[PDB]
Amino acid sequence: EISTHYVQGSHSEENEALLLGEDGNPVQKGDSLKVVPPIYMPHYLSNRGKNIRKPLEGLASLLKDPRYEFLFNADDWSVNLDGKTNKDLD
Amino acid sequence: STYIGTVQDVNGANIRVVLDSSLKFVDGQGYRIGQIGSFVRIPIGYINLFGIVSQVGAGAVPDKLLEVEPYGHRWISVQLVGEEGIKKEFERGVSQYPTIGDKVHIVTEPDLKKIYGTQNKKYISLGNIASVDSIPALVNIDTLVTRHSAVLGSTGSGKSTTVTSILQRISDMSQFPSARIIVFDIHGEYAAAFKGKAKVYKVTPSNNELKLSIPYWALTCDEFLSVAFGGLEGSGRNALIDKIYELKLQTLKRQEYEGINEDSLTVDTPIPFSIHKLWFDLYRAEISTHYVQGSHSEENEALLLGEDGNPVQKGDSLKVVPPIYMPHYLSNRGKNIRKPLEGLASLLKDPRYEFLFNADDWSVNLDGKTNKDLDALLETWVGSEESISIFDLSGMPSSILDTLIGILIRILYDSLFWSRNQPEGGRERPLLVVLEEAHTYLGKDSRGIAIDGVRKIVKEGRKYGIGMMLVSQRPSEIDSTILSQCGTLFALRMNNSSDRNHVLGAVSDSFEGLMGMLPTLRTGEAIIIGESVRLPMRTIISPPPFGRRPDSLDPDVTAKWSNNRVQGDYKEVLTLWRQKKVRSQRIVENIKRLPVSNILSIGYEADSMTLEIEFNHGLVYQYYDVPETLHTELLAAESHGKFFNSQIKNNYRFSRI
Amino acid sequence: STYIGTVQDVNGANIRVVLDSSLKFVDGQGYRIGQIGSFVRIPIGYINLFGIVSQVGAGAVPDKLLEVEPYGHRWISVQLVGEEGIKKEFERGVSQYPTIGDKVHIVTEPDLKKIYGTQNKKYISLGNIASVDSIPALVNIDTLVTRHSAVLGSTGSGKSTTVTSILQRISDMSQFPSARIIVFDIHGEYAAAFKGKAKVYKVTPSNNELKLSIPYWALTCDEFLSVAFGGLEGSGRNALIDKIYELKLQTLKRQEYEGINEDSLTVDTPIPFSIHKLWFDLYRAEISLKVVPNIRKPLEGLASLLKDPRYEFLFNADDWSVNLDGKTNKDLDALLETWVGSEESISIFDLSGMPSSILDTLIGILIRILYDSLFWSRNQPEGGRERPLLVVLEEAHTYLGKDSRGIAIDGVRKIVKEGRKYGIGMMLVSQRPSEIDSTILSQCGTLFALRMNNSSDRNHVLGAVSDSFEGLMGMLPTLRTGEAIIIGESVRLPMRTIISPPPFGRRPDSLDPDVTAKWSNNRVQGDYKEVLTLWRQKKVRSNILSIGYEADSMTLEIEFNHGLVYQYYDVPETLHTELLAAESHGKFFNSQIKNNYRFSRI
Ligand SMILES: Nc1ncnc2c1ncn2[C@@H]1O[C@H](COP(=O)(O)OP(=O)(O)OP(O)(O)=S)[C@@H](O)[C@H]1O
Ligand SMILES: Nc1ncnc2c1ncn2[C@@H]1O[C@H](COP(=O)(O)OP(=O)(O)OP(O)(O)=S)[C@@H](O)[C@H]1O
Ligand SMILES: [Mg+2]
Ligand SMILES: [Mg+2]
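Chains as they are written, first to last, in the numbering used here: chain A, 1 to 90; chain B, 91 to 747; chain C, 748 to 1349.
Here chain A stands alone, though its shape is the one from the complex:
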C-alpha cells in the first residue's frame, strides 16, 4: 500500500526503488516482526494499493501498544512469520 515502483507501468517487488544509504546498505531495511515500515525514495507509486492506508495505520498502532500483548503476542501461541505455534488450542 506504500511502495515505489521504479518502472512506470510495473508494480513488481523487483521495482522496489527504496532509498538506500550511500554506505551501500539500505537506510531503512525494515522488519516484519517489528512494526517499523520501510521507507522508499521519492517517485512511480505502486498501483496495487487499495484505500486501506488509515486502517493499516490503526492496526500498526494496536500492534505497537503493549496493552494488547494478550491478543497479538500471546505468550505461547505467538505466531511466527511462517505460521507456527508451540502449543495448539489443545
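None of these hints come from the bench; they were simulated from the model.
Hints may be right or wrong, so weigh each one.
[As the list claims (entries may be wrong)] With a Cα cut of at most 30 Å, we get these calculated DSBU-like pairs of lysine-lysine: (1) B:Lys661 - C:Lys1077; (2) B:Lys650 - B:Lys292; (3) C:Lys1074 - C:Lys946; (4) B:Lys114 - C:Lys1037; (5) A:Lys34 - A:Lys84; (6) A:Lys64 - B:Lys546; (7) C:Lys1037 - C:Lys990; (8) A:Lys54 - A:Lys64; (9) B:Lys661 - C:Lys990; (10) A:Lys54 - B:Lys367; (11) B:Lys425 - C:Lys1044; (12) C:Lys1168 - B:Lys534; (13) B:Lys739 - C:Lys1044; (14) B:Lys367 - A:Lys29; (15) C:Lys1168 - C:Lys868; (16) C:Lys1286 - C:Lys946; (17) B:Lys661 - C:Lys1168; (18) C:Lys1168 - C:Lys946; (19) C:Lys1000 - B:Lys661; (20) B:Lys650 - C:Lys946; (21) B:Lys292 - A:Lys29; (22) B:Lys114 - A:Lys34; (23) B:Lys333 - A:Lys64; (24) B:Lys650 - C:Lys1164; (25) B:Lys650 - C:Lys869; (26) B:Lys154 - B:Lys178.
[Unchecked claim] Counterexamples of contact, computed for chain B against chain C with all Cβ distances above 10 Å: (27) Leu372; (28) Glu469; (29) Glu550.
We put the beta carbon where it would ideally sit given N, CA and C, even for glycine.
Keeping the supplied structure of chain A fixed, place chains B and C with the ligands upon it in accordance with the hints.
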C-alpha cells in the same frame, strides 16, 4: 411524650400510622410533628426499627375505611429503613417486622446521632444536617473519589459554593497533607475563592498568576489535526502526517532521548518539533518557482532581485511573512493543501492562540531545541507544592473548548497510567478531576473528544485511582449511560419537570420520603444519595467564609452606564484593532506601588505626569494628565475612595493595565 | 377575608386545599378572590409558606376520592414556591414543610410588596403586574443585558411595542446618560417611534436623516467574496486574493498608518483599497468612474454591480468612497464613532431597503465589525468592559435556523457563548420559536413569553425554559395583547405583567401603502411616459403642519405627519394664495384639491 401512637397496618416493607388531640410541640424549639422527611422509632423486645415518613394526609388512609368515611384524613405513611442491633450499630435490613398495635416513638437527638454517627475513620463531615442542629454529614472520601460523584441543581441553587466547600474540606494540610486535585473552569469563578492556596493558569496572565501553556508537540497527530487544520481527510492528511514524522526524526537525530530510536519512534510520541518550520516548508512548495523550466529545486528560486540584486522579499520562517517569487516554471511538487496552510498561517498570526504555538518556555526554535522539557510541565500541573490546580478556560476561543478539555484529560490519564508502580502514580497519590458545566460536552450524541475521555475515566478510573466530579445545571442533557455510572449525587434544588424525572431515573436508592421535596430545597441544601453514605441525608452544605467565595469579575452595566459620558477618541480603538493587540502605547514601564470600592495602593509619577492606582481583586488603573499636586491632595485628605471618586473619577482619560 | 381552608394533602412540593365560599367579581377593578395563577400563603408558627395555584376543580381532588365522590369537586392544588424570612427577605426553598389541617390564607397588599418589591439598585420598572393593583414589574438590568434575552409570541401579539417600551425605559438620560444600544431593524418601523431621540440610517435618506454606508474594504476576504461574487472556490479566488493583497500593500506604500508594515499585513486588515482599479485591471487582462472598459463571468457580474443604485451603500459610500490612489476623506474612525460613539444612545440600521438575497450576509458583517472592535479595546474607556452594549435583532427565526448555513448564525452564537466577559447582550425578537436552533434558545437567559396559538411551538417553549413553572404556563394561548409572562434568571420569580404601552404618537408603524386609501380615491389619468423616462436611467428622481410658498414656478408644497413632502405641479399661484388665506386645513384641501392636480412625492 414521644409515644405518637401505634401502627395500624403492615405490608412487609411498609406501614401506616395514625395521629397522636391537635398539634403537639416538644422541647419548645422550632419543629413540628413527624414531617415528610422525619424519622420514627418502633421498639421490639430489645431492639428498635427505624422508619421514615412518606406523606401526610389523604395519601395514606386505608382504601376501604376512607370509603366508609370521607373526612377520615388522619393518617401518615412510614417506611422501614433498618434496625439497631444488640447495642452494636445501625445495620440496615430488618430481622423482625412489626405488627399491629405496637408502639411508635418520635426520634430524639441521641438516637439520630447514633444513626448518623459512625466509628469508622474513613468518613469526614462535608456539611451539616437540617433536621437537627450540629450533626456532621459523614461522607466517605474513599468511595467519593474512587466511584465518582455529580452535583446537580438549577442555576441559583449554588453549585459553585458547594464545590468550593467540598474542595476546601478535602485539601486541609492537617488531615491530607498530600492531596491532589484539578479543576476546570468555564467562567473562571474559582480563582477568587482559593486566593493563596492553589495555582491559577490563565490565557491572559496577571501579576502573580501563571500562564496556561499546552505545547502543540504534546498532542497526538489526530488531535493536532483537529485543532489546527480542522480535520483534513484527503491526501493532504497523509502529506501532513509524513511531514510531522520526518521532522520528529530530525529532532531526535540531534538530541538524545532514553530508549527511543528510529526502531521505536511513532507519530503520537511526545517529542519536540517545529511548527513554524512545518508551515514554511509545506507552503513553500505551493508557491515555489524555479528559475529554469522543468526543474523543482530550491536553488532555482526565481526571486525578484532588488536594486542591489538581493531579493526585495526574502521572507522569514520564525515570523510568518512568506516571500514572493518571480511571476509564472512554478514547481509541481506541493499538494493541493493551499487553503489549510493559509488557515494555519492565520492561526499563527492571532495572539489568541499563543498558548499553543508560542508557549512561553516550551516554544521550539527552528532546529527543535526546547528550553524546558515536559517533566516541569507535569510537575506544575500535578506535582506542585500546593494541592489544588485551577485551569481558567474563560479566555479560550469558544470553538476549541471541547477539544481542549479532551486533550487535557487524555494527557493526565495517560501520564498517571504508565507510572502506576512509582510513588508518583495514581495508585499511590490518588487524583481527582472536576468539570464545570458538564452538560455542554457530555451530550447524548456529542461528536467531540471530551466525552471519550470522561467515559474512559468513569469506567477505568477505579483501578488507577482517578475520580471525577461533574457539575451541571441540566441533567436531562447529560448522557444517561454516563450519568448512571456516578456513584454519588448531590441533588440540589431542581425546577423544571423534565430534569427532576431524569434524575430520578438514574438514582439507585430512589427514596420516597426525600425525593418528593426536590423542587424547594433552599439555597445550599443538598440531598446526598449514593453509596458514599450509609443512608440518604438532607444536608445544608456549610458555606465557605466570606472573602473565600467564588466570583466572576463580569461588568455591571447599571454602574457603568450611569457614569456621565466622557468624550472619547476612536483613533485609539481603530489603532488597537488594526495592530491586533490589547495594550495601548501610552503606558509607563512600571511604577513603585505603596500600600494605603476601596483603594489598597496609590502610585504617582512626575516625568510622565501619570498616576497609577490599585483596587481590590488586583484591579490596576492608570490615569493620565493628573498633576501630582492632586496626588498629594488625595494623600492628605484621607478620603481613599471619595476625593478620587469625586475629583478625578470622570475627568481624565485613563486605561487599565 | 384572608382565609380559604385547610390543607388536606401534603406531597412535599404539591399541597392540596379544600375551598370552603362564593366567588364575587369585585367591582371597581375586577379582581376576584382567587384565580388560576393567584398566589396563596400559609402562616406556619412564625414564618410564611407561599404557594401558587396549580390546578382548580376536579383535577386537584385526591385521586381515589373520585371513586368515593364521583361528582364532588371543590378542591384546589397549590404548589408551594418559596418562603418569607423573619422580617428579613423573601427567599425560595422551604425550611419546613406544612402538615395536614393547617390554615391557608389569601395574599394581601403587604405580601404583594414583600414578594414583588425589592431594595437592590439594579432593578427597574418595565410595566406593572396583572391581576393586582400598582405593582411595578422589576427586572434585573445587569442580568438581562449580560445574560441575553428573547421575545416570543404570535403575529398580532405585539412584541414590537414591548421591545419599544423596554428600549425607551432603558435609555432615558435621567439615570443612564451613557447608555448604548443597537437595533437591526428590518421591516423598518421603530424609526417612527424615536423621532428626535435616536439615530436612524436608511438607504434613501430624507432631508434630516443619515445614509447607511458600509465601506466594502471593512470586510474580511471570505465575507467580501461572499457578498460580491457568491464565494468562488477555484483559482479565480486565489487571483482575487492576491490582487487585494497587492492593492493593500500599494496603498500602504502610498500612505502611512499607525504601526502597520509589510511584516504584519494581511488580507483581513481593514485598510482602504480601490475596487474600481481592481475591476479595471482584472478586466483589461481578459480583453473607472464610468464603468466603460478565467474569471470573466465574475467580472461582468461585478461590473453590473458597480453601476447599480441598489448597491450605493457599498461601492459609492457618501465620503468613504476611495479615490484611485487609495485616498479617502475619512477613515473608519468616523464610522465607528457614528455607529456606537454618537451623542444619541440608540441607533437603528433599518435594512428594509436591502436586496434580500444578501440580507443575512449583511447582518453577520455588522455583528463582526462591532464585536471585533469591542474586543481589542477591552481595557480602554471605549470598550465593552467600560460601557457595555446591547444588540437587538428583529425576526430572528429566519437567520438562526437550526440548519442554516449562513454567517449570521455564527456571529449570534459567538455573542451568546462569549459575550459575558466583554459585556455584550442580545435580544431576539421572534415569531416562530420552534424554528430557532434549540442550542441557541437554551442559552438565552430571560424569556418574555406572550400569546402563542400553535400547539407545536408552545411545547417547544415549555420544553426549553429554565423554570418550567406550570401555574403561569398553562395559560399561554389566552394572554392579552401585551400581557407577558417573564421567566428566567433575570427575575426573582416568574412574573405575569402588562407592559405600560408607550404614549400615543410614539409607536412603531411600517408605512405600508393602505390599499383602501389608494383605491377609494378617484382614478386620475397617468403619464406613463414619465414612468419610462424614469425607468430607463434607473433612478427615482390628514394633518398639515406647514405649507411651502412660491409664486414663480407655478407649484405648491405641503408637508404631512411622518415627514411626508408632497409637490403639486401645474397649480396656478392664485389658488396658492387662496388656500393660504383660506385658513381651512384638512377641509378645503379635502374639498376640491385632493385629486385635481398632478403631484409627485419627494
Ligand atoms: N451557602 C449559600 N447561601 C446563600 N447563598 C449562596 C450560598 N452559596 C451560594 N450562594 C448564592 O449564589 C451566589 C454565587 O453564585 P452561585 O449561585 O453559588 O453559583 P451557581 O449559579 O450555582 O453556578 P453556575 O453559575 O450555574 S456554573 C452567591 O453570591 C449567593 O447568592
Ligand atoms: N401592550 C399593547 N397593548 C395594546 N395594544 C398593543 C400593545 N402592543 C402592541 N399593540 C397593538 O397591537 C397591534 C400590533 O402590535 P405591533 O407590536 O405594533 O405589531 P406586531 O405584529 O406585534 O409586530 P410583528 O409584525 O409580529 S414583527 C397594533 O395595533 C398595536 O398598537
Ligand atoms: Mg457556577
Ligand atoms: Mg413587529
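Against the structure, the hints come out as follows:
Only pairs whose Cα atoms come within 30 Å are accepted, and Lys661 (chain B) paired with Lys1077 (chain C) is accepted, the gap being roughly 12 Å. For the proposed pair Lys650 (chain B) and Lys292 (chain B), the alpha carbon gap of about 26 Å is at most 30 Å, so the pair holds. Under the criterion of a C-alpha separation no larger than 30 Å, the hint pairing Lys1074 (chain C) with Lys946 (chain C) is consistent with the structure, at around 28 Å. Taking the CA atoms of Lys114 (chain B) and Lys1037 (chain C), the gap is about 98 Å. The hint is violated against a cut of 30 Å.
About 17 Å separates the Cα atoms of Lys34 (chain A) and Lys84 (chain A), which keeps this hinted pair within 30 Å; it holds. At most 30 Å may separate the alpha-carbon atoms for a hinted pair to count; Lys64 (chain A) and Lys546 (chain B) meet this at roughly 21 Å. The straight-line distance between the Cα atoms of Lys1037 (chain C) and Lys990 (chain C) is roughly 21 Å, inside the 30 Å bound, and the hint therefore holds. With a CA separation close to 15 Å, the supplied pair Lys54 (chain A) and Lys64 (chain A) stays within the 30 Å bound.
Restraint check for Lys661 (chain B) and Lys990 (chain C): satisfied, since their Cα atoms lie roughly 28 Å apart, inside the 30 Å limit. Taken as a hint, the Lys54 (chain A) and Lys367 (chain B) pair is honoured in the structure, with Cα atoms around 26 Å apart against an allowance of 30 Å. Under the criterion of a C-alpha separation no larger than 30 Å, the hint pairing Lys425 (chain B) with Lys1044 (chain C) is consistent with the structure, at around 28 Å. A C-alpha spacing of about 28 Å is found between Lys1168 (chain C) and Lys534 (chain B), which places the hinted pair at or below 30 Å, so the restraint holds.
Restraint check for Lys739 (chain B) and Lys1044 (chain C): not satisfied, since their Cα atoms lie roughly 60 Å apart, outside the 30 Å limit. Note on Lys367 (chain B) and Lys29 (chain A): the hinted pairing holds, with a Cα-Cα distance of about 28 Å set against a maximum of 30 Å. Between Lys1168 (chain C) and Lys868 (chain C) the alpha-carbon distance is near 22 Å, which keeps this suggested pair within the 30 Å criterion. In summary, the hint linking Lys1286 (chain C) to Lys946 (chain C) is supported, as the alpha carbons are separated by about 26 Å, within the 30 Å threshold.
A distance of roughly 24 Å separates the Cα atoms of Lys661 (chain B) and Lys1168 (chain C); the hinted pair therefore holds under the 30 Å criterion. Note on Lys1168 (chain C) and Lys946 (chain C): the hinted pairing holds, with a Cα-Cα distance of about 28 Å set against a maximum of 30 Å. A hinted pair counts as satisfied when its Cα atoms are at most 30 Å apart, and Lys1000 (chain C) with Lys661 (chain B) qualifies at roughly 21 Å. Restraint check for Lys650 (chain B) and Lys946 (chain C): satisfied, since their Cα atoms lie roughly 22 Å apart, inside the 30 Å limit.
Restraint check for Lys292 (chain B) and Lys29 (chain A): not satisfied, since their Cα atoms lie roughly 48 Å apart, outside the 30 Å limit. With a C-alpha separation of about 83 Å, the suggested pairing of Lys114 (chain B) with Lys34 (chain A) is violated against the 30 Å cut-off. Proposed proximity of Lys333 (chain B) and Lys64 (chain A) is supported: the alpha carbons are some 21 Å apart, at most 30 Å. Taken as a hint, the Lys650 (chain B) and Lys1164 (chain C) pair is honoured in the structure, with Cα atoms around 22 Å apart against an allowance of 30 Å.
Note on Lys650 (chain B) and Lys869 (chain C): the hinted pairing holds, with a Cα-Cα distance of about 11 Å set against a maximum of 30 Å. Simply put, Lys154 (chain B) and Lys178 (chain B) have alpha-carbon atoms about 41 Å apart, too far for the 30 Å limit, and the pair is violated. Every beta carbon of chain C lies more than 10 Å from that of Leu372 (chain B), the smallest distance being close to 17 Å; the non-interface claim holds. Every C-beta of chain C lies more than 10 Å from that of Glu469 (chain B), the closest at about 30 Å, which supports listing it as non-interface.
Distance check on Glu550 (chain B): its Cβ is at least 31 Å (rounded) from any Cβ of chain C, clearing the 10 Å threshold; non-interface status holds.
Violated hints, listed in ascending order, are 4, 13, 21, 22 and 26; each of the other numbered hints is respected by the structure.
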